[PDB]
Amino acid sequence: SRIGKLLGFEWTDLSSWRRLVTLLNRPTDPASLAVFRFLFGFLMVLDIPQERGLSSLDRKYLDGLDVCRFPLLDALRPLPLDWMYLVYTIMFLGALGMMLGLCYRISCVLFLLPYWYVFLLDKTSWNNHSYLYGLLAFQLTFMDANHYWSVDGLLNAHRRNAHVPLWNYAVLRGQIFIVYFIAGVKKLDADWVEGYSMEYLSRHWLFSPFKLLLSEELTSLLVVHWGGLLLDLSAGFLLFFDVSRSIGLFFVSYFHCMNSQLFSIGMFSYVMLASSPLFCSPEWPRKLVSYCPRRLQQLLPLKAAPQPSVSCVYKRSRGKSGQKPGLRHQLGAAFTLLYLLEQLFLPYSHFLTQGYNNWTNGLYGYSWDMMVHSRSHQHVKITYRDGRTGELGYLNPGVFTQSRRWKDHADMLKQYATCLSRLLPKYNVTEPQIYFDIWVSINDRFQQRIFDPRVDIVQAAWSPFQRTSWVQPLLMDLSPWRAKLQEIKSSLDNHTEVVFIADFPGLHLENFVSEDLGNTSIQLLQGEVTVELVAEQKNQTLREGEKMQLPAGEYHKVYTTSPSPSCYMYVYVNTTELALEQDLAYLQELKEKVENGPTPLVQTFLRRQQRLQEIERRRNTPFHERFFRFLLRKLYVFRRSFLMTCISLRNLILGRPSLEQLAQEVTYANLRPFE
């Protein structure tokens, strides 16, 4: 029975449906599940005001503001602001009751339904950790997590210290393992394994110890990328097995503790840290409280033999023969199997939802592809054609949007175009044709268009299950250029910038070089292009290698005339910045020399000196002051959440008092308690 001790079960337990049900409903200690429930509820209580947007609800759902929203289904609409505050209140109460274990089933539902409603209301708020919170709440809804360390058991003794079925731990462990393993498999991407995804990250001071034995490139490639990929691929296996659990726990704890400081990912790292002990024995909190000194052993509740529970069946040789598997047991086993199968399948289901497939696969948030794809957006142009007069106009990129994710997804772009066509009549624009010229570089590739700029997105066809025709393909046979691009970028001066552009055949780039962008040049790297100067109506054909100087404050056009995609460079200098810096340096040096033996230009120098002095002082300032400031900001966020929620709840229950009273209440809500 070596396999039995290594796995927790035997091969005979999987040879029949009845034995699988019996194994998956075997009684288990609920202490570990209870501690995880308490910690998850606490972290959700902390996260509702911060990341879920309770503190900025009045800004996001203002009751008269023109805004383009991006729900998963267009039939889903946000409620008025007071009702949105009620939804967030119900979600917060559900999180409170989940953390406490009080009215656990109702509290689970009361957190789950508004949480998923808020999730589906806005596709642009989707990420992997919010999706994980939804999944964890869904799982915990069906579990007996209030059998320990809960006030439900403190007000009802039968629920106290009652055993839970084994599938409660199996589903959660499978979820955590799936997160780790699918993240690792998604990191088996050419961009990640070649160190392109997160190449700036190694220069964080938290990676200093590795630099005592590695170079910058080596710690970027081996530690951040290969190290992260190995950790993701091996964390579930290390945590599952008893022999490797201490090492796995240490590595996973280090991973999450570094991630909490490297990134702003809400409470994800703490949720994963709290999920790690789910792989330990279900009795570990009991051992932890039994290892304490005897002086603190008379106030905690006595640790006795847990009582039998009805939620799980008992199979004994002496204690009767056995009992038939009840409907609840089969339902739990089937839920375990089906849910884990769905969790395995969904990250690789993008071949069905082709309409959500851009350069990357699917909507972001449920594939566990964290930090794999980095996007740099160079420029967005939104042009409309008036359907009545034929006049061409241009919109500010993102007028009525609260997010930038529409730049990368054809579904969000279609929603944005529909919203603009609905809203622009209010701005004296008849039925508009709207075109999008969006330039993106993904993982330091050539900047290129993601959508067809000649296609009217208002009338363009989009379907969930069909690949979008107006999405430009990613120029994959140009990635090996990245080493050369990086060499060019690092081989430049400190005042010059470079933009690398790849353009499709038959298309052209209309460019207005700013007046202050003197010394602007274009150099061809691949294919052939024709550069047209609009003012002089002159076309000069470029070949591979030649560089052309371009005028500032004037228009020019780059036509890709080659049958294959062309790549060219833009090297430019902020010449006004050069003049400003040289005159500022000369003025400062002359003044210093005269003294030792106001105007905006000197105002900039004074501001820079003051900022440098403040930065130096803050570095010299003890971290207790920084901690106090951080706590004050968080307390402001929580106080504002509470006060605006109270205002809206009173509006719902009693009514709106008056404009003056509401204004005074809102002013008091933003008071910045102790600044």
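Numbering follows the first chain given and starts at 1. C-alpha atoms forming the largest set that superposes within 1.5 Å between two forms make up the rigid core. First, how it differs from the form deposited in another entry.
Considering 246, 281, 297, 564, one residue stands apart with a C-alpha shift of at least 2 Å between the two forms following superposition on the core, and it is 297. Annotation for residue 633: C-alpha shift under 2 angstroms between the two forms, rigid core superposed. Once you line up the core between the two forms, the Cα of residue 63 stays within less than 2 Å of where it was. A movement of the C-alpha atom of residue 624 falling short of 2 angstroms is seen between the two forms when the two forms are aligned on their rigid core.
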Contents of the next structure:
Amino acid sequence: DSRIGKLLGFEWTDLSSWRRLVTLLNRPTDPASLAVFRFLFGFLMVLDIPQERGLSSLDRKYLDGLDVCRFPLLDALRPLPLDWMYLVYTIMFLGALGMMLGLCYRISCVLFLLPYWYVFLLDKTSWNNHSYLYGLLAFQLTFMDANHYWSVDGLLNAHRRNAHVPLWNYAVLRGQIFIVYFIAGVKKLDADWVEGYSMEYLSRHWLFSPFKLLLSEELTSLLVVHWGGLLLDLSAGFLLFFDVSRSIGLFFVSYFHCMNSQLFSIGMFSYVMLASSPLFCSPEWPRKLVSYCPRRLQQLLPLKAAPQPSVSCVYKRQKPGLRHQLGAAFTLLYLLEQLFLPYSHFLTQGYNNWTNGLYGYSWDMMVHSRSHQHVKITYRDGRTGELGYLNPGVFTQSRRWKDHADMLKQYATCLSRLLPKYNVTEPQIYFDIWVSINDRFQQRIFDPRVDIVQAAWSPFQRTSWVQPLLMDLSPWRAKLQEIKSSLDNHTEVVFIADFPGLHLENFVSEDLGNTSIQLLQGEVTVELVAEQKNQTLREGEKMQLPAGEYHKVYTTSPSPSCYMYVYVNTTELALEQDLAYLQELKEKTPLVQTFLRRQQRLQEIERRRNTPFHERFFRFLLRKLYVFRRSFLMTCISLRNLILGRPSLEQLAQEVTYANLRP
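Right, the form deposited in one PDB entry is done, so what does the form deposited in another entry look like?
So it's only the chain below, everything else dropped.
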């Protein structure tokens, strides 16, 4: 009855006390919009388990007898045997199936919640902003009365059938999707986003084609991608909330998630956030579409009647019991820590690198994109001193450890116990990783002189061996693209910034004839190791380097120096001086199949254009059919291995080739 009561759904007299806030948050609401989200979340988690949770690739990931460096969050979390990890994933599948149907919904929520967060914390490199969100939406829904409408719990239990839910089941769910949107909009106020650097390639997609009619493509990436994703994420939960702007807001966030379903392969994120945006609507909206259909159809649909009263709400005439005070407490406390954990990065400073905090829980999607130039992992034997070199990615199943100091300390520790199986007694492992974030200068992210096995990492101390991101060389990025545009189709360039006192030992391969180093800023001293000859360069001086030999670039400036490697691959150039000599004589013997393996690939990448959409889609459902069939058949192999036992290997072999069959 006031102006604010029609606008926010409550007046300030409902916030006058704790009892009036418990009464407001446990106000009886229609169960219908909460229980269509329960289906659409529990159905998109049934699909997510063989695809993105890794049930279909569980035999390749959690295989027994495999030397592997794992990255759990808590290091005491060890994965089970592969036979039991197929039971964790079929408990999580029955949990997402009983959350979808609403069958034993309190039991089926903790059958999905508990093995999801076991699997989620068992790999820090599988953390996304959506796989974190699906474990948040399944955490809230454990406590919500989502089986109060359109469930088989309504059919079995008669007092759960079409009964009222409290208001806090929506104020948490709307408050979560507002926090997902709005905090992502102030993570995108970074200088890499408002200047048009993160997702600079994204406007070259074909889905940004109508914006090219009015703007340039230089300005389509700046306005539509960067400022259009800022001013949508900043104001999505403001548009969806209020009644005057919801239909404008529902259209802008339906388009924003139908674009991101094709621009990126992020799992079910674009369909979970599409199924969540109708929680901001009026909670009666499934009943308002049930009534619009023909008359005998609604006996397969849920009931269109008014909801019966429930014990879970606070009604007007009732003193609120202990359950109703645990819903006004779960709403305020959890939406406080959902506003805090994207900014809790001053607390967990051991997880802090060039970007703040560990990835997954901060809603900074696409804000920071990396490109690695060089990883050099150098062990050193404990009883000999043999300075040897490891492969860059030996026992890891991921490449996220080279960005994060917590994972590099996990990789260096795991390599300290795995290398004695390869006659390295106690290694001293040094990581030399060159990352450039958002088209910047390539620099070392970690110090290459620190022994990471004995280096000190703790979760709440800022790490000593992480090099600072040189943000005073971020003005240079307009000049670096000017140099990249100045080059022809043949020469490539690697821009590199190095710290004082450090050097870069590069081995120019013999394929790279005519390579050279031009100093842009600072003062380096290029050593040629084969001749043992130095040459000090200053700003603007070029210097040619030999192919097939070693050279070292010693930084001798008191400030960080910057240079570039303008190289050309004269081996593949002389290969295309012969293959582009060979094709013109074709329309008139090691090299002839290398021409033919490129005329081979010219056949099938062109019929990527010449295939129809309906058979593209038919092949994509075949792929999906095979990823849902292998995940079902390799589960039954490992579910027989626990009940009936494990048979002979020749009979295990017959089933796995049967499971790996294309359908």
